[PDB]
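All protein chains of the complex are present and in place, except for one that has been dropped.
In this document, chain identifiers A, B, C, D and E correspond to the written order of the chains, with residue numbering beginning at 1 in each.
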Amino acid sequence: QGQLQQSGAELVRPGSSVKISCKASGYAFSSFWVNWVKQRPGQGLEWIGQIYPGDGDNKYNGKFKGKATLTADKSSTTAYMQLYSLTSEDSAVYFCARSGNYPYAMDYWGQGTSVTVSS
Amino acid sequence: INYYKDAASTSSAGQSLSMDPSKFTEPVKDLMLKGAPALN
Amino acid sequence: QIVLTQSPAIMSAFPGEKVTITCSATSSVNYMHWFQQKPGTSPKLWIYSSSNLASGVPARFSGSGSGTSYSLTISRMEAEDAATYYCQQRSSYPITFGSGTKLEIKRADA
Amino acid sequence: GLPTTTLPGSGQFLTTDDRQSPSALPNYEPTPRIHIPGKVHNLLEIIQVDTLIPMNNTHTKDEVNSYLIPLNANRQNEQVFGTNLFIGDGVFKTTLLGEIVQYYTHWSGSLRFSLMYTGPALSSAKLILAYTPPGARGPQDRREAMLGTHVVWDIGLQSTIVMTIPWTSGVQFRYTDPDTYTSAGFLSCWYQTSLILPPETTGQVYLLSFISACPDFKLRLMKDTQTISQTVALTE
Amino acid sequence: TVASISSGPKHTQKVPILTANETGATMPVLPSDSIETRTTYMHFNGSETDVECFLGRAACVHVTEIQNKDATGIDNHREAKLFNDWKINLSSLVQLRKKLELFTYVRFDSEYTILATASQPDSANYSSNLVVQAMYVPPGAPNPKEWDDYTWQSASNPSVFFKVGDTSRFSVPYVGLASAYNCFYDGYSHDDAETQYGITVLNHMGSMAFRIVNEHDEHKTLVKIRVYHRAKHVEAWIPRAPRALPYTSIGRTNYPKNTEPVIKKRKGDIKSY
Partner (left out) sequence: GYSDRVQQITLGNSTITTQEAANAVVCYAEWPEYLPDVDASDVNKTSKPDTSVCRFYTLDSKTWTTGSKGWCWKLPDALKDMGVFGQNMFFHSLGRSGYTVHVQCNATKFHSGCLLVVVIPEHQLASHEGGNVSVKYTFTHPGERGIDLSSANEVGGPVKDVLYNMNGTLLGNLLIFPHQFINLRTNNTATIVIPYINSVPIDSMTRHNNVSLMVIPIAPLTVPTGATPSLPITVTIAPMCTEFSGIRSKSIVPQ
């Protein structure tokens, strides 16, 4: 069973926009979604969006309307998403997770990417 | 012939045939003549 | 938008002490998904769908409820209990996680 | 009950159908239309305006300058520019005449091609434009050019000289997309004599160019245009 | 009508082909102003270049999917495309979205035409035939949470159950809250530094929503619903300049950082024919 291998520790100068990734390994990417959660430091398991590779069907949480812009690539089976106009709120931690095998919420989970915004 | 009770119900109309460039071709206030030195 | 709330905020549990947590969402969430996190790890699927002991999530555990407020149990806490807990709503749409009944371990004074 | 027979083509979803169809929102009455300046009726009204041709592509990138047909001071008999008339391509491929005419497959009429100098008031020049209909090639020097429809132009107060490319073709319509039977021809512009420059001034000056369509312009058969694309569906 | 009258040589004070283009007036010059011609004809009035055409063809505007399977155990139905929906608009699909952004305000009635086909991409023992029901949830309308809510009564909501492999042609009058539709709206809902700029605001007619009325047969079926729309009874005001740089999202006129030129380069010379 599959994998949500993630991008690597990020340092972004404020005002920028970076892209952390994800990649499924041993389950059919093109079937389930990928949610993303912004659990900041000593902070909660926050929900950015969720995207579906299958046709590009998706949804976002109204915090991240602009910030997060979820996205899936059907070959490298790599979800992504990237934050725009970085600020030290984006200094938190982003995790991706496979959703809807259905008896379970986002059952399969990825390790994460560190996003830190500063000079 | 109209089988429906409405306005959308109706089908396409066809050729307007009004066509006036003026509006874009020559919005000059002080009007210009073809064949006369443009600005004098 | 169903606003979640882990029942205690945190306590401490002497292994043996049975542990019970709760989620109290505003509106009606039909299925309580309980996630847990021993830090330095990805949060992980403990109990899905109101009362199901996920995979590898031991027997002391369990829980239930509905409509509004659901809960969790651990017939007696251990060591491998002093973690953080997340109830989690999936019913309403900006899909929203719990609060955090940080499970606490109890030991002697040194 | 009245006897019918269904013909071949039942339920075919032809997208180009002017048919009668029901109101999903019956009895509903609209917002009263008011008035608004400028109002289009027929594409052909708006493509009778001029736009600038970037006849100077020769760049690494897109440039405000790919628009400036330069002029070189104190030279002569030399060439200023050239191109062919596949108004469904090249230079032209990014003008309001392009981008629209691009939307159709067949065209005809006569282009009007304008040309405006911006040299210091006190400088002069007298060059020549020239359409070379189809048979030979890019004139490759004055003489050869000059035996085609062309137009000497003396620079004075009237910055703009309007040369018109007479529609000169056998067949009476031309494939918008490039094709040689349905080829258009060429056009240039050479130093009649040369570009003078006043004392105490210097460098190069320029020509701007525009191209508009004529009263007579013609376009039919609606095709889709290449100029755009999306690999995927867009997002909110 | 006439193409161009006959013209003989000339020699005057009246120089037609010499104007000042900095006035803003594109001179209506002519062929027969610059040379010797002959009377010819026109026999053309561009019916095919009229705006109740070059705007009014049936073109697709959006494509999603759904599926009928056993719901028994789904937390959220949407997440299961058990049923679906659409924030009606047009920007989704660039081919048509370029035609419309050719003018500033536009106005008309429409021919929203739906069609839909199914797949049993996996050990099916027959292609079932369902019936899709598409609703229209006007903004302010209750919303379908499941493939069998009550929302799916559609008491006062205009709905049409049609069949798979088939189509439906439900046409609707123009429903702008104003004398015509805004295409670009350099505005904000309000004088607040922190709101969104763009027409994203001016444009709800809300959504659409399609489900599949049958109780899951046994194998799994997926439906891909396509929505086609034909503008008709049009008017357009104030043309503008056509898009050169590509698109990036609905209701924004953005473009991507780091993009291949749009101006085709000239190999060789400018002198080069």
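FYI, contacts are C-beta pairs under 8 Å (C-beta built on N, C-alpha and C of every residue); 3 or more make two chains touch, one makes a residue touch a chain.
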item	value
Touching residue (missing chain; options D:26, D:38, D:134 or D:178)	D:38
Of E:127, E:129, E:153 or E:196, the residue in touch with the unshown chain	E:196
Per the touch definition above, residue among A:5, A:17, A:101 or A:116 touching the missing chain	A:17
From E:54, E:83 or E:105, residue that would touch the chain that is not displayed	E:105
Where the missing chain touches subunit B, by residue	22-24, 27-30, 32, 38-40
Absent-chain interface as seen on subunit A, which is shown	15, 17, 65-66, 69, 82, 84-85
Touch residues of subunit E, complete complex, unshown partner	20-25, 104-105, 178-200, 237-250, 252-257, 262-263
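Everything that follows uses one rule, which is that only the chains that are shown with their structure count from here on.
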item	value
Whole-Å gap between the CA centroids of subunit C and subunit D	69
Whole-Å separation of chain centres (CA-atom averages), subunit A against subunit D	47
Residues of subunit C touching at least two other chains	33, 49, 90, 93, 95
Contacts with 2+ other chains: residues of subunit E	18-20, 26-29, 33, 50-51, 63, 73, 75, 78, 171-174, 232, 239
Subunit C contact footprint on subunit E (complex, rising order)	73, 75-76, 78
Residues on subunit B engaged by subunit E in the complex (per definition of touch)	6-17, 21, 24-28, 32, 34-39
Residues of subunit C defined as touching subunit A within the complex	33, 35, 37, 42-45, 48-49, 52, 54, 86, 88, 90, 93-100
